[PDB]
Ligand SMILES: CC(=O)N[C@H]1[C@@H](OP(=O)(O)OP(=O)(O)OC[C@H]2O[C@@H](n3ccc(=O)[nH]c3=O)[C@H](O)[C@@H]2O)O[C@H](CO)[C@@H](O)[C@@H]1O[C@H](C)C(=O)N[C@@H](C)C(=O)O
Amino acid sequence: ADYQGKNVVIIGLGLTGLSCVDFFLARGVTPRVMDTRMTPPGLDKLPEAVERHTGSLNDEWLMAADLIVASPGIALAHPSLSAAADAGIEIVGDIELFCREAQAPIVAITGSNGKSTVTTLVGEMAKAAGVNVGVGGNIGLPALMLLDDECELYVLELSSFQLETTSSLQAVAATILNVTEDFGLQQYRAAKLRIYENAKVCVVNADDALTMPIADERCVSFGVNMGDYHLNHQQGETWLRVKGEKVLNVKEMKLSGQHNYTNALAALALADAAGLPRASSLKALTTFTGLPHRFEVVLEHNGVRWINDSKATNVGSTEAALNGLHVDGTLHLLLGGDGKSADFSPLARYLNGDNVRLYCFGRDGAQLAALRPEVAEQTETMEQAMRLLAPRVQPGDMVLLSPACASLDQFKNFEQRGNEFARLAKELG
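Show the structure of the chain whose sequence appears above, on its own, in the form deposited without the named molecule.
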């Protein structure tokens, strides 16, 4: 709240640390700053009035501080911070400084997968409602840079390290989307579970027990077959259901696949919990086009929809895409890149019944192609397949780039593979 006259030191010269430096100068406080790296990226932007230390942690500076603002990350485990901690010196992170200062409600989101899409979705839901929403945190802009007296709602993506140094978060709605197998999960999960303390509503995953406040709160839940928000398949259609009532035929959304339907359900629940109008939140679900390379619809013309799912660099990812994949006509699935000797058999079950076409390429193209040589087709590069499927597509079709494999034998990173795909789709399309 008031930091005047406090000796404050910041650990971290990246954008978060710079954001904190700005935060204290704005309040008449010249903090000190350090970074283990010898040349941190941020050193270049510091006001000369602030003292800085690089290449290590200045212990003298830590031990003498009244407040230590640590940047989230493995740095939180550094023995120097722990001694300062053992000496009773207050340690907080930017999210903690943010919560003490925020004058609008916060929707807090954490998870091991999908967190970015969900956080973006809720933002989209806010915008569709005409609300001045600030979205960021562990993604986009550092929370402190969102502080604005005119902001009407904050949507933050929080990581485990951030939650570890946060204690005054009082989220209007909070969720741990999922806790997957990527220190010890017990401390990982305990970190994530603090997103629920003092949360007005808790949104949990009905299909992942680790996302639950061990109920101890009576939480709202989303899931595939069960929960307050869940999927329903009846009478040849799949619907999103809320408290038993149908609220949206999945077909009205642009994002398809189970994964995306649970994401939609989770954002819907958080949006409802935050008090946004249901109809404007539903509206956003029909217009959302996706984050870069994540079931991103780069182009929708001549009745065909072109989806860039490059991020899908493994069978599990491509499987989240296919399962529940809605396509009126034919799916021209683009499989490619280096699979690192992986079992594609799980994909096969999603490629039957005459309305499918594979266009395999890259290093392991032969193999995926084999996943069903019948409807397959093989090339060395992705641009071939593009020009090879373009004359074949007609209205109702979807062109999908869900590699199920890595990108290196011909691309810098999946962002290169996807950027191209978008480019090629521009003309090809």
The other form holds:
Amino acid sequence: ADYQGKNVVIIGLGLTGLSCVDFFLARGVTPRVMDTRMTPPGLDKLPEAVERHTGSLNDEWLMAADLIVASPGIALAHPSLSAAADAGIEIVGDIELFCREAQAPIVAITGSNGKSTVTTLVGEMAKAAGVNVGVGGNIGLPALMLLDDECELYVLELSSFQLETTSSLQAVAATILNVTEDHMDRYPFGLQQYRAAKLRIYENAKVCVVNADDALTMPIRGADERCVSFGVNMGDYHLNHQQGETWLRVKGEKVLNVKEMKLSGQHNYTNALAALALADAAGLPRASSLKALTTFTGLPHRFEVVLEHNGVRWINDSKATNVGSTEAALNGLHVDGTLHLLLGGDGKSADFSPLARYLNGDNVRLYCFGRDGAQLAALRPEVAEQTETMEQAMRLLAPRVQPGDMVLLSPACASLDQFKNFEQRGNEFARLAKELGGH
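Swap state to the form solved in complex with the named molecule from the form deposited without the named molecule:
A single chain, with no partners or molecules, comes next.
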């Protein structure tokens, strides 16, 4: 694409917006940047030559633009951005800018849960085959920073927000892993509007990898000749549960006994199936892809044991930012004593009621904090405490922890009401777990 001489306006002074500033400046185009927040996090990292506007969107700049580049955190429905769209001004995101430049095949992964795990697994499968791979997107490395003439494969984690502003993605293989309620504060037409955003990932994809157990993952006009499926008891890629033993199978053939994996849990076995299906579709050798499933140890903040001491496990699942993710932590969870569950933050208008069925019985205590703490404590008030902060909650629960207990941060909410990012939340939990749970 050619941006020379164009009036380019970037919305959002966070990670994405800064990556876009650098992208345009490296091509000789000086953009302008705006953000609705008075003091956005990237403000002090912005090059001195770039004009900036904070505290609101600037309609003089938007209506003058030839190209608007919207960070995923700004809604297209914002009245100023909707007005620019009504005037026919082109609006794209960083993923669109990336797709217009990329010169290697793209594997594209979305879904409500499991995206970073599957994205990282496909990257590891590529590395095991000796492929120069770039892994990024919503996982936290902005995609424009991956562009490299020597890269042989890109693996992108994509959010619904990023997909809304993307029109030129033609993935070699694309998946929606699952669709469960999230981001409802951004989707006022509800679950099907959120789904519609994700369904964009399949447009012009060579192979679509769908979840046979989740009908909302199937393409917009229905499953077609491009579609390969994964699932538990059915699918092209599926599981088989022998006597105390689980295998990954592909079209009637065993490929891996999951005892060789370092991850566990049925949802991680279906994540492994989805990753294998994507890698197969990208042409990666099966043997090296299977090897990578056995070496991958998991990601920080995803059901991460940060301390095991005195018979207590302290588990950082800060990446559980929606109900479905916390459900995956609780479903089938084994705790010898009491589960001390930390819930809270920015609930994004979620209905938390699906969690209540996991919170019965005599061995569960809730510690609820942040913006929506009260709504979480209402799941079962008789076992719940509410604090302002996670630190207060941890200092409250720590004296009550007995050998055999589990302390689980799986908050079902985003972190931005009180933290810079979910990593800061998990890191603070880990620091407090070490202080309160160790000698």
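Positions refer to the first chain, counted from 1. Shifts are known only where both forms have a C-alpha. The term rigid core refers to the maximal set of C-alpha atoms that superpose within 1.5 Å between the two forms.
Student: Superposed on the rigid core, does the Cα of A75 end up 2 angstroms or more away between these two forms?
Tutor: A75: C-alpha displaced by 2 Å or more between these two forms.
Student: Is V8 displaced by at least 2 Å at its C-alpha between these two forms when the rigid core is overlaid?
Tutor: False for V8: its C-alpha shift is below 2 Å.
Student: What is the turn angle of the smaller rigid part between these two forms, given in degrees?
Tutor: Angle reported for the domain motion between these two forms: 49 degrees.
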